[PDB]
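A.B. asks: Residue-level listing of the chains:
Number of protein chains: 2
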Amino acid sequence: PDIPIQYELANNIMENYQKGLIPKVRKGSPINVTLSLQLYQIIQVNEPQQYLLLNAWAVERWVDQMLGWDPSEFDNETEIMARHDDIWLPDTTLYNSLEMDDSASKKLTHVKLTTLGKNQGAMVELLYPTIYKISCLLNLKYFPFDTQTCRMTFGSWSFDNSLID
Amino acid sequence: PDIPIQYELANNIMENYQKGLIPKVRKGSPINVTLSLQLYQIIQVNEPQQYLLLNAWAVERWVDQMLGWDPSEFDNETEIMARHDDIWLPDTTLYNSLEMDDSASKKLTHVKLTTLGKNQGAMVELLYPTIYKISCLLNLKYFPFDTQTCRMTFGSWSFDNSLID
Ligand SMILES: *[C@@H]1O[C@H](CO)[C@@H](O[C@@H]2O[C@H](CO)[C@@H](O)[C@H](O)[C@H]2NC(C)=O)[C@H](O)[C@H]1NC(C)=O
Ligand SMILES: *[C@@H]1O[C@H](CO)[C@@H](O[C@@H]2O[C@H](CO)[C@@H](O)[C@H](O)[C@H]2NC(C)=O)[C@H](O)[C@H]1NC(C)=O
Ligand SMILES: *[C@@H]1O[C@H](CO)[C@@H](O)[C@H](O)[C@H]1NC(C)=O
Ligand SMILES: *[C@@H]1O[C@H](CO)[C@@H](O)[C@H](O)[C@H]1NC(C)=O
Numbered sequence: 001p002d003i004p005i006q007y008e009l010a011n012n013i014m015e016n017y018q019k020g021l022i023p024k025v026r027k028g029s030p031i032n033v034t035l036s037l038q039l040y041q042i043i044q045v046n047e048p049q050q051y052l053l054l055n056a057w058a059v060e061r062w063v064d065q066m067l068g069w070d071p072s073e074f075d076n077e078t079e080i081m082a083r084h085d086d087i088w089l090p091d092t093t094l095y096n097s098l099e100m101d102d103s104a105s106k107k108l109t110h111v112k113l114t115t116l117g118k119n120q121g122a123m124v125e126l127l128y129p130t131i132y133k134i135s136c137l138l139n140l141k142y143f144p145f146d147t148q149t150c151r152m153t154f155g156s157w158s159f160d161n162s163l164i165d
Numbered sequence: 001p002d003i004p005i006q007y008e009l010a011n012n013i014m015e016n017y018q019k020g021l022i023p024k025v026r027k028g029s030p031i032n033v034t035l036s037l038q039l040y041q042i043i044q045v046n047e048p049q050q051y052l053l054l055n056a057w058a059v060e061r062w063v064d065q066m067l068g069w070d071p072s073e074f075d076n077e078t079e080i081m082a083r084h085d086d087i088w089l090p091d092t093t094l095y096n097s098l099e100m101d102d103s104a105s106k107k108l109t110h111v112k113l114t115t116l117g118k119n120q121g122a123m124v125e126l127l128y129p130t131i132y133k134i135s136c137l138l139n140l141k142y143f144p145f146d147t148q149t150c151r152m153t154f155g156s157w158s159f160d161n162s163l164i165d
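Chains as they are written, first to last, in the working numbering: chain H, 1 to 165; chain V, 1 to 165.
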């Protein structure tokens, strides 16, 4: 009726979902997470304090094996937009971060769900801006003609290879 | 069916669980918490302010006597990953901390549960990065040839020996 089609689609896939548990049903393979980084601005290079302040655009993609649906049943609907707090999210971490509060470094609002089939799961896309404060060891031997290299390490803090890759 | 085995495992052990109460059933012995510390970086040594800024990796391990299960009933499942806010956590404190807000010094996301038997409980593993700001009394008698010793005290603020060891 007047209820949008996306309303019953969300009710259908969120019925038995439990966002506190890892959403994988297959035998023993992990959940593959793909990370993409875009650099937008180098805000600051603090030499006396030796940290780098970066503005980047982050994109994460993975397959949620519990959120698939058949488009033919929902008006040929293939995508749906949902809040990031309603589903399971990987705990991607910056190992050498100088900021512990993720509220001051990230802005997560919504996720995009694209069905792969009723039992195939749905591909999840996560987009968000970030401001990373990373520790950098600066070699000022050739100052002021020096070249610096900054390394950012990303990974999961609690999940090993058998769970998240 | 299509529901992952870990879904009904969580429903089984979280049925009567109450995370607001200490999870011990034995006669009078306390809960033994083992703490492990790894130093990753000395961020700063503020001499005029006399505090030390440390980047450490913390591991906490204890047995939850209410969260045991029999693996034979759940597809030989022995581990499970859960959110840290779903179970009881010890109130480990840094006595000489200069920062009261734990959001700015810690990053707790998930815990690992390993069954010890149906009525034996489960071993809980807690991993998280920290940035400790500890007050240090600096003795600059031999400056700039001085050696400094920094002490960090850890314990529970509200639980005594008979509860948490
Ligand atoms: C995640 O990535 C792994 C690669 O490490 C994928 O494993 C492949 O699986 C296909 C079958 O779907 C095989 O044909 C390939 O030979 C495998 N590659 C390797 C290197 O093992 C896995 O399928 C991906 N998807 C998951 C785990 O859900
Ligand atoms: C926590 O640690 C205490 C040690 O302080 C453990 O007490 C031991 O218990 C075993 C039996 O399981 C005895 O054989 C040992 O002699 C005890 N040692 C001491 C020093 O009393 C206790 O079992 C551990 N586990 C708890 C309390 O759950
Ligand atoms: C898409 O689904 C709608 C709803 O049933 C249907 O009317 C339409 O023919 C479908 N189109 C394609 C290309 O599948
Ligand atoms: C592990 O549990 C599964 C589930 O019943 C069973 O099929 C398998 O034989 C068990 N293996 C061992 C080594 O216990």
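Be a bit skeptical, because a hint or two may be false.
Unchecked claim - The list that follows gives simulated cross-link-like pairs (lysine-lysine, DSBU-like), each with its CA atoms no further than 35 Å apart:
#1 V/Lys107 with H/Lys27
#2 V/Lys133 with H/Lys118
#3 V/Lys112 with H/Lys106
#4 V/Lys133 with H/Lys133
#5 V/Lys19 with H/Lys27
#6 V/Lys141 with H/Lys27
#7 H/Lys106 with V/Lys118
#8 H/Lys107 with V/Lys133
#9 V/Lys141 with H/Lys19
#10 H/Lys133 with V/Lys118
#11 V/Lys118 with H/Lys107
#12 V/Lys19 with H/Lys107
#13 H/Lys141 with V/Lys133
#14 V/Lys19 with H/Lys112
#15 H/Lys27 with V/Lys133
#16 V/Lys112 with H/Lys107
#17 H/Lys27 with V/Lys118
#18 V/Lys107 with H/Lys107
#19 H/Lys112 with V/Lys141
#20 V/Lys141 with H/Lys141
These are computed hints drawn from the structure, not numbers from a lab.
A.B. asks: Give a verdict on every hint.
C.D. replies: Each hint tested on the structure:
1. V/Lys107 with H/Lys27: Roughly 31 Å between the alpha carbons, so the hint for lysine 107 of chain V and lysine 27 of chain H holds.
2. V/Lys133 with H/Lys118: With Cα atoms ~51 Å apart, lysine 133 of chain V and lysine 118 of chain H exceed 35 Å; violated.
3. V/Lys112 with H/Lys106: Distance of about 26 Å is within 35 Å: holds.
4. V/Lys133 with H/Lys133: 18 Å, holds
5. V/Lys19 with H/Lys27: Holds - the C-alpha atoms of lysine 27 of chain H and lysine 19 of chain V are around 31 Å apart, at most 35 Å.
6. V/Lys141 with H/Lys27: 64 Å, violated
7. H/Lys106 with V/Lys118: Between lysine 106 of chain H and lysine 118 of chain V the Cα gap is close to 41 Å, so the pair fails against 35 Å, i.e. violated.
8. H/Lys107 with V/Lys133: Given pair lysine 107 of chain H, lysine 133 of chain V holds - Cα atoms ~26 Å apart, limit 35 Å.
9. V/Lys141 with H/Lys19: Outside the cut-off at roughly 57 Å; violated.
10. H/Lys133 with V/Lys118: Since the Cα atoms of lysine 133 of chain H and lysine 118 of chain V sit roughly 45 Å apart, the hinted pair is violated (cutoff 35 Å).
11. V/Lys118 with H/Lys107: 42 Å, violated
12. V/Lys19 with H/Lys107: Holds, at about 30 Å.
13. H/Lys141 with V/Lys133: 31 Å, holds
14. V/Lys19 with H/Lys112: 33 Å, holds
15. H/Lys27 with V/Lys133: 44 Å, violated
16. V/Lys112 with H/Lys107: With Cα atoms ~27 Å apart, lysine 112 of chain V and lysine 107 of chain H stay inside 35 Å; holds.
17. H/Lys27 with V/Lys118: 24 Å, holds
18. V/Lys107 with H/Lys107: Holds, because 17 Å separates the two Cα atoms, which is no more than 35 Å.
19. H/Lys112 with V/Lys141: It is violated: about 61 Å lies between the C-alpha atoms, which goes past 35 Å.
20. V/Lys141 with H/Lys141: Within the cut-off at roughly 31 Å; holds.
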